[PDB]
Every structure is written in C-alpha cells, then in structure tokens.
Amino acid sequence: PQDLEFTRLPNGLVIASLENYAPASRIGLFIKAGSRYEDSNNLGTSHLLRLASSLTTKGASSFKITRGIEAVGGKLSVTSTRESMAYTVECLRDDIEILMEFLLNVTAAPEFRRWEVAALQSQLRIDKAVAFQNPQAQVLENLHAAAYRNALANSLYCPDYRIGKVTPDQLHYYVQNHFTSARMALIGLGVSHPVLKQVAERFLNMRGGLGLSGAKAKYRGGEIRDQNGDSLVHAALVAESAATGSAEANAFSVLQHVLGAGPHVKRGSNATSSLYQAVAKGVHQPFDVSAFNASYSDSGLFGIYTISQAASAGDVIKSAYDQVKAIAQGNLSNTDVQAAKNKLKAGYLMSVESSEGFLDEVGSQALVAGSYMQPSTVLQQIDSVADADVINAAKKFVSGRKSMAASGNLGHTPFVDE
Amino acid sequence: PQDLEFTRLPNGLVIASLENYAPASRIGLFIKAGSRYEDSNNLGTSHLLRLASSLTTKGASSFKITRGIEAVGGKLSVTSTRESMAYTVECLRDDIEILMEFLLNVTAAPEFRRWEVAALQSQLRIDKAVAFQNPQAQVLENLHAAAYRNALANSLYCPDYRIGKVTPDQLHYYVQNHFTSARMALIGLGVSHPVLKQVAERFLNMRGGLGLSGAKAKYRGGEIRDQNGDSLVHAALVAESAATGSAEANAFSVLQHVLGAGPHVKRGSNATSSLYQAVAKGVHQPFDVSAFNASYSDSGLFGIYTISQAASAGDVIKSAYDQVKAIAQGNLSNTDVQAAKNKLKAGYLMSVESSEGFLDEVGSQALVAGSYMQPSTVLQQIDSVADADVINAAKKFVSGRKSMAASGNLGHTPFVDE
Amino acid sequence: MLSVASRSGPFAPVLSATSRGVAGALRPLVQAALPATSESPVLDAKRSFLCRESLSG
Amino acid sequence: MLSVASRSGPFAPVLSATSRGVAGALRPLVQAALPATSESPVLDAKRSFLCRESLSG
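Chains as they are written, first to last, in this note's numbering: chain A, 135 to 552; chain B, 135 to 552; chain C, 846 to 902; chain D, 846 to 902.
If we strip away everything but chain A, and leave its shape as in the complex, we get:
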C-alpha cells in the first residue's frame, strides 16, 4: 500500500518515500555526476570521488564513520555510471536514523585532506587492475572512445599517466559544481515521508541551483584496435540510435530482444535468438554473440557484440551482420515480435522485485523525467510498438556510420570499412 509518495521541493530536489513494513531499510541519494562531466584537464576525478566515501568529513572523522557503521551492522556503498552517481546506506529499522546523518556528511560536507588523498592514490591502481581482469571492461571503454569526440568517451576509470596526480583542489571543484540541489534525488524504502523531508532541509544552506552541465556528445565514427595476448577476440560494432524517453527508444528495446540479448535456460541453445542461430550455421567453434543496447540522455548506441576465437572473428561478425540486414528489408514474422514483448515486460518486473532493484528504478526516473510511473504504464508502451517500428529501427542501423573496438590477436578481424 501507499505505493509511492512523491514530492518536488522548491530547490528542485525530488524526495520519494515508500512505507513498507519490512524490518530492514534502504536509503539512496542519486546525483547527476559521472565521467560525462569532466573535461580534458581533470580526467579521473570521478573515479577518485568514488573511492573517498569513508574519509574525514566535517561532522564525523574517518574513525567514527568506519566504527559507527560497523557497530550496528550497517553498510555504505557507491555506484556510478557515465551519467549518474548513487550513494546507498542500509540497516535494520530502528537504526536508520544514525546511518542517515552519516550519509549527509559524506556527500554534502567532505574535507579532502592532503595526506589522506595522497595515501588514496595507490587505490586507483588497485581498483583499475581488478576491473580489467574482465576483457569486457576495457573493450567497452575503448568503444565509447571510438564512438564519441567528447563527453561520453571518457572512461569510468582514471588513465594511467594521471594516477598520483589528482589533487585535493580538483576534488573540491567537482563537488562544488555538480553535486547541486536540482540534480539530486533522495529515495527511501523503509522510512516515512515527513522525516525524510526533515533530513533534506539540512543541505539547503547552499548548492541550491543548477550545476556545470555536460557538453553535447558529438558522434565520431572511429575504430580503436588493441593487439594483446588474450585467447579470444572481443569485438563490438555499433551505430547511433536514440535517446532515452522517446518513441523510437522502445522499438530498439524490442529489436534487441528479437535478435537475442541473453539467456533464459541454464546451459541452453538460445532457441529464440535469431542472431545466435544465424551465426551457428557455419561456425562450429566456441563463440558467443549478443545484441548491445545503451541509452543516455541525448544519444545511444545500438549494435552487436561477439566473442570468438581469433581465426574465426571475421566469419562471426559477418554472419551477425547479414541477419540484421534481413530484418530491415522486411523479413519479420508476427509471433517473433509478440514473444519479444514478453521478455521485455517480464524482465522489467523481475528487475523490481528486490529492494535494490526497486530503489534503482525510482532513482533513475527521478533524474531523467522528474516523475514516477507505475509498472502498468510501462507495460502498455511496450505493447504499443508496431511491426513498422521494428523495421524502421533496423533500417537506421544498416545505413548508419559505424564504430568499432576490438581486442586480442587481431590478425583476422575486419576493418570498419571492409
């Protein structure tokens, strides 16, 4: 009951609370900040901000933050993306009012002291090497660099020349221009509404405005190659599609599930994947193919993604590109669109089961649109997508200027003009 309450304050801050009667609680703070908003001089400042949550703030030292939260069994955690940051705290119900005053010190009055930032610079090299033991992590940072000239090409991790050089004055400047009132959303899941309101009137005192925005993202059709000694070739081939919150954006979501976008049966043959079955006709060696789809506030990337052996990376990308051509020239059955609308509606409802998946979704909607829509509204929009929109989305891909990124032994990978 009381499905969500929703308030927009006078300084553009969005508060949204739901009162369950669960013994555990969760509180989030969601900000418009992320790699997008850094220029060519301060690259990597957002990776250091992500690591500096339990340093000394103006209201609690670094000993009292670590000891005060571990005393009641709580957690503190930061998740960011290219377009947003999210601070999230959790404990049991009667403990929630003390882990809420710590969270407003980490994000609203931090002190960046020299010897603590200097001791923290070695953590950037540890975190980047942990993330890059997966080959998907650097192929996707390269792909955003090969697809944009600015503002979405910046990586989530700090560049190697720049480790050791991020200064305390640069961290003070990122927060003073991007952590403002009209870019933030405070979402609570086991809390009442008037107490979350009385928490939020403790950072009204300044940073009440709009903040340094991000330059529009210009499409560059590039190609970045990366020869190394990995066993398999990871390759991605995209084009520019559609921003989030548009009528064409839902059709690329439906086209993603027609082609095949992940598994449903453990150890399965992906029988309803048109991409996977087209590749596997001629290729008999171990591979994996998928449909990639990313969506941001003013642009998005749609394309394919292959993983294959190095002597077969040309056969796999060529087979997975003729199948998208078959859809754009009209070969599209009617039951394939209906079976794909189910996976897009069912996966949206399984994503909102948990307390973290629910609080994720309410935080994205408060930053992007400024409202909340029930999951019955979202389920109707998916069913209004016609067969004339799945075809006009595979036409925009086939005739658009491409981009590429690859890794591995690249002696048989095609070039983006070939």
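Please keep in mind that the hints were generated in silico from the structure rather than gathered at the bench.
Derived list of chain B stretches under chain A, where covered just means 3 residues or more per stretch with a C-beta under 8 Å from a C-beta of chain A:
hint, stretch
1, 289–300
2, 349–357
Capping the alpha-carbon separation at 30 Å, the derived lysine-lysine pairs in DSSO-like fashion look like this:
hint, chain 1, residue 1, chain 2, residue 2
3, B, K299, B, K192
4, B, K262, D, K891
5, B, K477, B, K452
6, A, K536, B, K352
7, D, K891, B, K299
8, B, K262, B, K352
9, A, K400, C, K891
Between beta-carbon pairs, the in silico distance windows are:
hint, chain 1, residue 1, chain 2, residue 2, range
10, B, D294, D, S893, 22 to 32 Å
11, C, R865, A, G464, 41 to 51 Å
12, C, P880, B, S256, 31 to 41 Å
13, C, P880, B, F266, 38 to 48 Å
By construction, the Cβ of each residue, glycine as well, lies at the ideal position given by its N, Cα and C atoms.
Put chains B, C and D on the given structure of chain A with help from the hints.
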C-alpha cells in the same frame, strides 16, 4: 680512382669493393629484412635479432667475439629500418681480415641458446625506454599504424605484452627465411675486390635463393590519439604519395624543399621556408613545423609535422595546410624551384663525404635497384623536374585521403575529418 | 524514464566500505560456458569469488 | 635508388655491442630547440655520453 667495382654473383649476391688508400677500413652487409616482414604472431622478433649480435655463434663464443674485437680496437654495430638491416665492422687496414670472419659468423651461423636469449629479454625493455624518451619516436610508430593495415604498420620496437615471450625458435625462423643470398649486398671501402669475393664464397653452402615474399601494404586512412602528460603536442598529417625509383618520387623530393625541410643557419629563422613563414604570421608562441617525406619500395607518405603548445595545436595545423593548398592551385614562383634544387643536390653530396654516409648509399642502391649510379647521374634527374610536376604533387596531397597521429594534451587538436 | 540497467548494457562500477568492489551491467556474456573453456581470471590483486555469500544468518 | 636517409623521415634505430644504442634516421625536428624552456630530457641510461666522446680523437 677506381670509383667502384661492382659484381653480381650467380646467386644474386651483390659485391661492391672500392680501394681507397686510407689507413682505416669499413665493411658492411646489407639485408632485406625488418619489421615489414613479420606477421601478427611474431611481432618484435626483429628487435631481438638486432640485440643478439654478440651472442654465441658456431665459430666463435661470446667471450671471443667481445675480446677478439676489443683487442685491436675494432667496432661492431647493427642498423636497421622498416625495410632493411645493416651489419657494419671497422678497424685499421692490417686488422681487417679478422673482423671480417667474425661478421660472417654473427649473420650466417648464429646459435640461439635458451639461457642467453632469456637473459637478453630484459634488454628489450631497456632499449625501448631509451628510444621513447624522445616524443618523435612513438608519434612516428603510431603514424605508420594509423596509415597502413599491414606490413608497414609494425613498429621497430617490440610490443609490451610480448617482452619475455620471444622464443629461440622464432629467431631461427626469421633468419632462415629472410637472410638469403638474393636479398643481400656486401660492400667494402678499404678492401680489394678479389678478397671480398673469396670471403663471400663461405656462405654459399645454403640459403641460396629468394626468401619469404613481403605482403603489399594496404592504405588505411586512420587516426590514433594518445593523451598523456607531455608539455607539447606532436602531430603529423600525411597522405599516400609515391614509391622510390619513379619519376613522381623526385617531384615530392623537390616539393619537400620548397616547403621547408630543416635548418641551414644555426639559430636562423628559416627565411626560405614557405611552411614556416605562413605559420609564423598568426602564431607568436614557440612552435616548429617541417615537411615529412618517407619513401619505401611500393608506397610512401608525404605530409607535414608540427610541434606546438597544446592550446595552439589547431591554429598551427590549419595554417600549415592552407599553404600546401596555395601551391596546388598554381601560386608557384620560378626561383623557388631553383633554390630548392640546390638544397636537394648539395645535401646529397654532403651526405656522401664520410665513410659511413658513402657506404650507406651504396648499400641502399644495391638492394633497391641492383646497380650503382654516379652522383652526376643523380644530379641531372633533379634538374629535369619541371614546374608542372611540383604542382601535380601538391594536387595529389590536397585531394587524397588523410591519416593522423598525435600525442600530448589533445583537448584542442582537430579530428581528421574536421 | 527508464535506466541504464533496464534496457541498456553500459557499466556501473561499485565501491563499498565493508564489501568487495565490483563493476558491471552488461559484462557477463553468458551462453559462453556451454561452449567449452573460458577460464576464470587469475588474480594478483585478489577480488570477491562469491561476492559475500558467507554470513547468511 | 635512394635510401631513406635521403628524404629524411623514416626513423632508424642503431645498436652497438661496444657503443650506445641509437634512433634517428629523422627524429631531431631541428629548430624545435629554438622554443624556449626546452629543458633537456635527462637520459636514464645516460647514453650518448657526449656522443661517446670517451676514446674519440
């Protein structure tokens, strides 16, 4: 006197011995090898071959090569490029017959032992870091990677993932397929002719043929960007021009000296450089610009090269590109071609004064053409270049597909489509 | 409107205070372990193997 | 025909089993020292000791 003798043996080996009466001698061996001839599996084998000259061979150990050559004051040295390798020995006149039997053991019967190759793998990291303290070394390896798909994009230095992994079996395979009789030239400068002939019949016993043919170089118009923390921006912008040994190749050489290709007066302002004077109209900050020109057996790259401050790298490349446009539409005076023919003829004669510059030039002509031409023949061909060929070379640059490579703080460098 | 994690494959990386830092929204290209031999990454900076499955209460 | 040291450009590397390893067919971009504050990059290996002047004369 006896300006050069010149013999081509039955197995395609070119011997050329000139008899001066100087107390010192010099002997070279010039081979068609180099990065060009390595594929995607054995990258860096030619950098390791360059470092392995004083290891154990079948006729002299690694102690006797170092001690036998230092006993008489001699030298042993290897110089290579993307298209050739050159082994060169030198001593006084009466000592020349013992430093000549060492040279035929280093290059014609080496033994690649495991523990010596394994101890040598740390030298690859030392040599690459010594070369890369100059910013011009990596900007030019990047530029060949951004301009070709294969066979001329391979660097002269081994890639970082590959250090520690070059095996003794790969070194045995690079010499067995590329160090053959019909790709080699033996040039002597203080030796008689019939003794250099009797030296060369001591590797006829095998490797008497042609070797692994080289794949043709395919032009890719690419762009490689490299953000780092250097103070100045190094940038290069080229197009495909002409192979060496053609009528159009001499006209790009003349056009290089019209634009400005280096200094003549110590701390001079380059008054006869049309590139340098066009840039320096609006730019008042420290810079340097030049004309780049490279030439190989089946292709070549012509373009410009700038060094500038990071906030001025767009003004410098744009000014240095309008001036090449002014030449291709006809604005070309007659005395500017004649003043440029002098610098190309005078610099060719000053390059052949020393004993190493002379022996360099005779070795290149024996591999490329298979003959020797006097410097009076070369001086006539430069004077036969017309004003209708300097214009038809700046037209091929202006309308051709470009390539780029940059380094430094790249926040103001243009993209290759902009 | 909807999120990156719903219909899109960008990244999120996470840093904790008491749990192990992670980073992914698309990353796992599954259906690549039924075709054989994709081996778990060898660590020189150890990371979560079960991502706190211990202490379940 | 000609080499690549004529038509400067192509860089070249040199190795000595007796003297210092080098690179330079064309990499000095002369007149680039005119730019002020071109502080000389201290060679770590400190090679080209006065172009190996030691024992040269």
